[PDB]
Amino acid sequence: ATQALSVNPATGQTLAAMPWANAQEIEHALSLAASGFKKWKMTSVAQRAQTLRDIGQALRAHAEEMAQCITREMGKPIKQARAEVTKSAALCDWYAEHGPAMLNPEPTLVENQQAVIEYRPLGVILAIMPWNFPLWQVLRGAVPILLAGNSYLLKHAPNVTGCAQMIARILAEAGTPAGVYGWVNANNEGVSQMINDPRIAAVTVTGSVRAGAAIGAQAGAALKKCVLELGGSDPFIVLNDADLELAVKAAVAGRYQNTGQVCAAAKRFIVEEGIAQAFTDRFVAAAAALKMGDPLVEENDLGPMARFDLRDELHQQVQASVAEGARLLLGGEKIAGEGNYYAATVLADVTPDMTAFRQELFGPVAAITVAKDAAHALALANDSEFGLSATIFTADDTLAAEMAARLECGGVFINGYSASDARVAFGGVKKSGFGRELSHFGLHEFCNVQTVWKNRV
């Protein structure tokens, strides 16, 4: 239970407070979503694709205002908030172009073309979204959910209600029908009420493991399907034969993007003994050179963290790790001042029993662990209760492919930079959740896959 309050993390100053939605408001959101769905499900998929293009255009028309809102409410460097808007608008256009074909009926092996599989919409999808990508997280799911013919009803993180209001205004400007996209500032009880309401067909959650478990349990009890995209503690494996400098550049970007607040950030660096010291020296130097400060200044790489309590939790994780024997090579301190800044941090000599190896470090703290050889590296990578994405750097192409097949995660990047992309599946295993987003997966997760069979006699 958090507070419905926006505070600028760079200044510590209050932005706005918003009361939780009352009973009439929750009922109005549900009623409007259902009536919106009733009409939207009857449109042509090509009309829905056009609506996606219109949303993309409205977003681009308000791009700077949107980016400024993201930075103001949650501290993301403005260069990255702008890139978030660019990516989110590109996603609308990508699904408008490629999505409709993914909804074509499928032929079957039943003789004489008598049976097909149709992809029908389910209904209203309740979405519970976090603050780390206030726009991208929303559209990553909403774009294919809408294209499939569903309505989308959003509960956004209570620290980004300004962003949520703005998203709603932009989507309405684009001509999105009333109720097809909407949002409500529900508290926990309000979310439970909605999950249990027959107007909600299914639920999608992006956030913490605890949030995912709480909601997944309620959805299961109500016989409603979920997609849960939860935290990660992604391993980033570097073998002796890697292109060392490229590995370091990808490692630094992977860990420190969005001030480390990324579910699929590179969090556990597992480096083969031969190259470990060279990697560590270079990684530390690059991390120490990262600029941190006012996120309104385009050249700062690191902003403040979004939430004061979350900075306190991360500091405790660093404290615990040092107490357990980790070596602090850089940072490990809250920065004095009224903002919510935490120093770029590196912990080395991290072993599997330590906090920095076992928990998700959701901020600018890298953990470095030395592996005996590639087999040890793989074992260390899989020794985690999370399983979102992973990276492997090695010149041995055959070995990398073999390791990919044995990594217990939903995405593996070989000799490159991990990211989410419309063209490929996103999502993990174990406590990172289940279900997939993007490509045709995100589109079909919220379809009623319907067999239609004529003259079965």
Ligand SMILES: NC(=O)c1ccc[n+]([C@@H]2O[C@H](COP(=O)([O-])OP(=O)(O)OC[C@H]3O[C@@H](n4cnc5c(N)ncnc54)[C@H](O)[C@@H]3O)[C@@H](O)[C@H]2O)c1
The other form holds:
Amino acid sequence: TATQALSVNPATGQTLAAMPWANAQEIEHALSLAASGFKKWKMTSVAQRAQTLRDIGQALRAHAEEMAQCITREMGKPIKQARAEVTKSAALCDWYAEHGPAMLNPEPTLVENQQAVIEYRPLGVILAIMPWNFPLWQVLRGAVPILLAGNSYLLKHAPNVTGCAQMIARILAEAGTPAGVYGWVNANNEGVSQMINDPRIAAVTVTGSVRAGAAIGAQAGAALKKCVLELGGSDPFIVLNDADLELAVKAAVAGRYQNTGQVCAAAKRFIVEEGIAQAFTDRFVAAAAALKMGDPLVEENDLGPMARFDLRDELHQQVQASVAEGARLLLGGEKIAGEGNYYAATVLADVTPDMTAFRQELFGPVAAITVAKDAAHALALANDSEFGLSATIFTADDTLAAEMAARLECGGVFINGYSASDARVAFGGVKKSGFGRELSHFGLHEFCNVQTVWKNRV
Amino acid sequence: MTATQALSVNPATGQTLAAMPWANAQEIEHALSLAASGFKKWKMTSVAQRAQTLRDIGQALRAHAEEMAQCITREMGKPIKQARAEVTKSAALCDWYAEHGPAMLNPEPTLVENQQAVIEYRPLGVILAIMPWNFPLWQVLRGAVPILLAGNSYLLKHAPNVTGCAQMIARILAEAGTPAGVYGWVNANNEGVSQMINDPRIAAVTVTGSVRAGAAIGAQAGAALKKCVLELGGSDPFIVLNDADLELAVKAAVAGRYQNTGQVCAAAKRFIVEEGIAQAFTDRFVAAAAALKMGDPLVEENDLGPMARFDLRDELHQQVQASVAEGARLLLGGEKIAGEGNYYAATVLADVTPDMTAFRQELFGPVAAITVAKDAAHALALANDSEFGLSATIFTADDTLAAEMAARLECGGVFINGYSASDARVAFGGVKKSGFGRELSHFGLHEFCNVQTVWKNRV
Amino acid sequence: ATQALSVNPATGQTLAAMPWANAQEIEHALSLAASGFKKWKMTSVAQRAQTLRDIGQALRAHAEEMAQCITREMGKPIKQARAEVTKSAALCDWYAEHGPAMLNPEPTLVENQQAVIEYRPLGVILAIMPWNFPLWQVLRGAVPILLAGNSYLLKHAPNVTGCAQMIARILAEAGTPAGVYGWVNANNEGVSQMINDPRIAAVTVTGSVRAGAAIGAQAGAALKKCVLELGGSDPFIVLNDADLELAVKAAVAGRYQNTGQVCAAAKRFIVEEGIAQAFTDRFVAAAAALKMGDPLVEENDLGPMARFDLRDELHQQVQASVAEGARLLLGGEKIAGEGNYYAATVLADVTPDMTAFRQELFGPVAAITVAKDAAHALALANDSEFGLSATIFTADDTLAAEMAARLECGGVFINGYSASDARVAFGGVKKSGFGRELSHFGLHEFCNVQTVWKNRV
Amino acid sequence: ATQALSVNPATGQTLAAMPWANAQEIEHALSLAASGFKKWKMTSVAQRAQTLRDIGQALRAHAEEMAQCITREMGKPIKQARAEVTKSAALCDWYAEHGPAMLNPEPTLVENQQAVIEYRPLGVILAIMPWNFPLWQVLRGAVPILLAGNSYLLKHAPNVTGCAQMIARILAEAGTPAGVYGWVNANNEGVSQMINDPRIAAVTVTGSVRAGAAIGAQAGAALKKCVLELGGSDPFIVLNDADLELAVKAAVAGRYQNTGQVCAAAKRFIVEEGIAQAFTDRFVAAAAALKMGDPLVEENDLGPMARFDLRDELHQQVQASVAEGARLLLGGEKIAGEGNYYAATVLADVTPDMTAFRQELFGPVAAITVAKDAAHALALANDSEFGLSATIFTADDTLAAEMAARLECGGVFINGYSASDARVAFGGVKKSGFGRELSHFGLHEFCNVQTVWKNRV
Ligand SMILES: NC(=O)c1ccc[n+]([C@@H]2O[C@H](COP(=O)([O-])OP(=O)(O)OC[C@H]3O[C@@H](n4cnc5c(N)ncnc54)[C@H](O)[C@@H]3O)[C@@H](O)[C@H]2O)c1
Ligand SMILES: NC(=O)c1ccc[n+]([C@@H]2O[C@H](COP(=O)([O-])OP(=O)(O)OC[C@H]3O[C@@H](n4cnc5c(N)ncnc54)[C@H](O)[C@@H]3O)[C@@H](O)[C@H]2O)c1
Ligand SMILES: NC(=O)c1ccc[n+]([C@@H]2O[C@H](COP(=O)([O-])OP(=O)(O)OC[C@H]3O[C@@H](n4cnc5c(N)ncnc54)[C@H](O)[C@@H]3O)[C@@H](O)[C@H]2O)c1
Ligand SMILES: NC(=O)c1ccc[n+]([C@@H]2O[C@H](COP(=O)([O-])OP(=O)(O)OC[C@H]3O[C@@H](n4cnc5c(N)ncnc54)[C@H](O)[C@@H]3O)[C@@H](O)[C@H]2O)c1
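Now show me the form solved in complex with the ligand, since the one above was the form solved without the ligand.
Time for the whole complex; same chain goes first.
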């Protein structure tokens, strides 16, 4: 595409920076340093690693506003939300420092007389391939537990946020993270292939599109390396007739429009029972129309420009196809004139399961509303997707909610509340949303060598 | 494919047993449709109902124990006593998971306050399983038992030389009352496997086999966004230091290398012996290997049968030939046995250095490699100088040293002063080219669950 | 989407949406192609030649409708869309006249006329085609493929499915038997399914390097031959002794035809130091005078670009080049409005490390690089991952011939305007692909070359 | 395997072991091939033709040593190994004489001699070759590849590295410049590395379907052209009016040459009802009369098979066919001993569903199927995933020619013995691969076909 990774401010359209792809010597140095870093880091105590996590949290908080400004500048997130991303990322460092060490204790087994245990050993260097939508949080979500487990972490970040990548590296270096334990490289696709195929890479973690996950997962499998693939979603948000309608509407608007809609686990498919459908729709449209869109440096704006001009083009085509298919445009559905990359907050109604807005991930500020005949129909519509990341259900019927959760084909179900990732719970999905789990003890153990140690088996 | 048929040939006699055509398009569609409809019902059963099915499977196996063991021996040459032990272990597995498995599926509390969020272990769907001939029953049930208990369907593609065993397993599980589609198998060729991996009704894939199979299947699963467990080859190190219980070390070494005529993923394959005890170990090991009885595997007194596949004997002999050309010292065997059957002599290669074929490749037959280590540090470095990393053994009276070395061994299982094995109570699986993912204990059960967060009232 | 979507790039407005082919439709396309081939392979070559004339006739009977469809779906100036129809119909007639002799059996040096080489049909050829010449790209391959006795099954670019339907109607009106020519709106999975189906004998791809690699890998895996006609970054060399005005006219036409959107466009201008400033001044003046706007207006030279995402990508390539140090002499901006227009653009002081030198710029952006002398010009020309065509302007005829021999590309134009033409080979080397189209090359690429030898005793 | 291992298949004993090329050695092979090409492409065709003559002279000077090496490493009767050397030397001289004219520029129909087609060198061609004709398979491609001005970089089968070393010595003695011909003992990862290196222009593979698929996929992904000359399961059709004595002679020679290990062997005998029993009786008798043993003993018609694992596989294909219902008329057993001998074998009553009909049987096993009539015979012949070559025996010249036109393969022999010959095209269709070797085809496959057009205005 280009010979450089290019940063362009999506609010203004103006070039920020260009960085050449890593050459052969640079890829080799990144791998060699990661390997020598790992060789030392794996021998450290868990207590030492936990202290390093605290130090990283401290350095991040010391540079918090510079970091948030970098995030907003390079990818357009409202500054209020970029600051929240920094806060959440730093808190993650402290949470794992506190709760992570116990997760690495050996497990007893049923083998007689305490003769066998399960140990959680470091695996090696983990190659991480990350996206631009949370340029800090996506990195730390994996890096924090991966480092605590005694592994090295080698990042290839999205080419539009290399400024953020450079800043994260500086902050982690200031915190005293040893050389090679955390590192990054501006590799092109060929460079990524080279690394996946190098024996110094033990495993791979990918957060990104379905296409990226398939292209990388195929290479990892071929190389006999484990993956965690955290890919797109088209999360259903089910509202039944007995819901608290106003709370459902508030959670819906927040779920769809957070980060200008640019969230894997955004509420994307609103599936509303016939009796409450019109009231939900009227209120949702009103709230969406009242969201403020503009300069993301302005603390009070709710929506920024989208991150990538080509992705705004693709989203508009998804809206165009949906309308051609028979969806009803209730709000927005236009690119905003000007040099920035703004797309109107949009609502499509009368969306049926055959339509683009129902079958593809809409990665921008476009809500799809589908009417369900009843709860059984709502469930069936929810599961009629190639994606399966998270889901929401609003209903006063607690027993029904719990039954529906068990039958929803996704990795997270939120009942009468706001979906989010949180260190304390598993994150990740099924079907084309990928596989593997992040956070809590799952994200820590995914990149361990789980090792049986058995004495005197005679 | 080599033929239009999956072909069974008795390796003791060289004679054709059976030939089965590859599944056609109708049969593949039927297997997939039935697996999907089976899963749709089975996912809705209670864990108590699934646990009882496991007991019923153990019961049915035990009712057909001798017929099952005879089929194993007939199709792939395993000594009959070992085939019977494989049946015993497999039935015991069914009972172990029926008892200990249900608790593994209980929801997990979280640190979210006031019991507002739990983690649930939900069924995933139909798991496609690609399995090898070396333990035609045990390798199937090792994964199938926990996969089934988790609420998944299991769809087997077995090794083409053991389709008789596959047909029998299916008979037994039907007798146990396993619902249609919940357990099933299909005689798919490689193209049929690809078609299934790419079908939305397959949720995930499990493979036990060679590095080459794992790479071919793992690539396809990744491309389809489907999780794998890859349980692949091993070249397990077996370290004996100067202070070992030498008698126990030799007994464990002989059993480790020569069980199933050498044909075991976690076999002791690379003996790494400290210089001070090397000669003593080598003398005892060679004499014990020389005393092993080889012949007709239906004869209980024979310790070693024929190898399962003629082409693989041939490959093994080339690996021995290459090793000798590279400088290895042949202390015992190293020849194919004349006759109609597929016998290879119990073999011992010494003076094996890390550059050699015997040190670098998986020797999947009755061929021991012995390498001398300067000291414990050299032994550890030699052990880790491998593309494989399945399991390992250390013999030393130094408890602390053993624990330190275990921590530094790049493999998924370490046995200190004992006999390596798989066991339901512990994790099994490796690192590096041995694959990834873990079987048995709670690991094999959770690998094929949808780990699902359920959080109410998050405001 | 779940649809192939047509959007008019001049207005931004949706034209049509077509669902991807389902399993039954893919099976129907393959089954019809195979049964079509089974009869077509048994026709006389002269009957197939007559069918080509009949196709040319039907295309000319619908010429303005066809040109309007091309302009409407992908933005090409209507004058150039009409010329695409004229060229495409002429190709039908040219192969009808000259093609049959190319399929005559060859004698061999085997004694007593006992062995001959026959050019047999191969089967159904799957064709994966781009939007930039929605008609010409299809016929460039289909005409000789059909004449050789094969069926042609087209998967067209998803933004020109209207053009694809119209081509099918026209060829059917001409009397082309069912299945001999056909098309299917397959998604990427449908393409893979067809490549792996035994009814597909071979594959031809015209498109991006990325498309060629993806499809070529699948064809190779299936043991099926390809022709891959992929992107270019053609060098256009101007030496001190050139006819400078002619060099400038050819340069402007070579870069800016089809709003820059041509595989064999002149993309890298490599100009000897002595004439560099004079060339640049005149090139920029001529480019600045090109008229851009509604492509329905016959006098506009430049239309909107075909695809919004591709305009976006091109602007980033310009942005990267400027950040690397290129000098913007003209344009370099998206035009405000609902259409997809990009200013005619010129980048100078371009050096070999820059985006504008290393990537294919598939839109109206010229790159100008100064060469120390003819040897430097040659080295610059060959310093590319692409190798489709090239132009050299110089009064020194011997030097031009020597340079042509050393240029790593499939076509060299000396003191003139590069173009594809039925009479000569077309295709490149390196990442531009492999295989050749047109003349006897395009005809024989999809033949089973068969030795028939009697009484070898 | 950590080494490429040579084992004498007549004795079962190790001959040699050679480590796989390491990173430095692969880099050196590529670097030398590229520098060799840079000079070689500048040589005159006359000089290259002289080098070919010099290679032919050098083979002839080492003819017996070469033949002995072939027999020693892969088991071929010594008389056949000598014939292999003779044919390879004659190929050098044939291309020396007839090749240069094939590189002449072509005129075009562009008026007034303004446009010509040139055949330019492409670059370094990576060759991946099999053990069955360790010398002839190499030269069959290397000779025309070199004459076209390319370099040739060989990866030979790991069981014939002694032969490979010897070939390199002979070509070096002949004065072939460094890097112009070279070889490297690469493992599969090393091959992948070279395919993906820009110094490799294109790839040629002679080998199994599995090998062609693995390599073809990689070349396609790298946007590099292939020729794939893969397995065959050639039909040999005998109609009721055939010259029966000649048909039997051709049938026996066709199946049993090189102990059956020939891509274009006659593998599927398809015999019309009326003549079936007479053909079968005579064929079985002739096959039973063939002598098998020590390939250094000239009386022996058949040697051991080359590879122990492949004998194992062949035996399983025979076992499966019998299990499916084939009738075993002769052989069908491994011969006891330390060598790798398999009995001359005949399977009859073979129907199209069977292993012996659907897979390539790469050893001394004939399959015989009965056809009800000529149409049935044609249908049986074409019911194959392979399509390399074919034979038809019939007294009727017109029927033979009609059937040849409908046979789905790259070569058809009418009333004679199939073979490759420099004067005619060689290669197949379907899973037998694509591309053609020999005559002008093997020379032009690895050229950059370049249009040069002056004054196009
Ligand atoms: N946790 C999750 O499940 C999660 C979280 C956030 C975002 N996402 C997903 O991310 C997507 C949007 O982010 P994006 O546009 O950056 O995604 P993307 O897939 O285009 O890129 C992600 C990363 O992969 C790299 N990449 C893509 N193809 C590659 C190839 N073939 N070889 C090497 N590297 C390659 C990119 O350079 C980037 O670093 C959405 O689909 C969203 O749902 C998922
Ligand atoms: N738990 C473990 O880690 C474990 C246990 C036992 C055996 N093994 C390994 O198994 C190997 C020996 O068994 P094997 O010879 O049956 O192995 P194999 O890899 O040749 O075959 C295993 C299975 O994979 C299938 N298969 C292979 N390639 C395929 C392809 N490309 N597409 C679809 N299916 C394919 C085979 O048909 C068979 O069913 C040894 O390496 C051994 O260590 C591993
Ligand atoms: N003759 C030539 O050498 C020549 C001529 C004209 C245009 N081009 C090239 O065409 C390119 C621009 O055209 P485009 O944008 O349509 O190219 P493109 O590569 O994106 O698409 C070309 C065709 O390939 C299909 N395609 C792409 N990836 C696929 C996949 N993975 N599986 C199945 N189908 C796939 C598309 O749907 C389309 O039909 C430029 O690089 C240009 O140089 C080359
Ligand atoms: N002209 C022809 O059409 C022709 C001529 C003679 C033989 N053959 C075919 O050759 C086959 C038998 O020869 P073989 O056993 O040597 O075949 P083979 O395919 O196993 O090996 C051929 C070559 O390919 C290499 N190879 C195989 N897989 C590879 C991989 N994945 N990566 C890199 N290199 C790889 C081998 O090392 C060897 O050099 C038969 O099928 C026969 O029909 C074809």
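Shifts are known only where both forms have a C-alpha. Positions refer to the first chain, counted from 1. In this text, the rigid core denotes the largest set of C-alpha atoms whose superposition between the two forms falls within 1.5 Å.
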With the rigid core superposed, where do three or more consecutive residues all shift their C-alphas by 2 angstroms or more between these two forms? 1-3
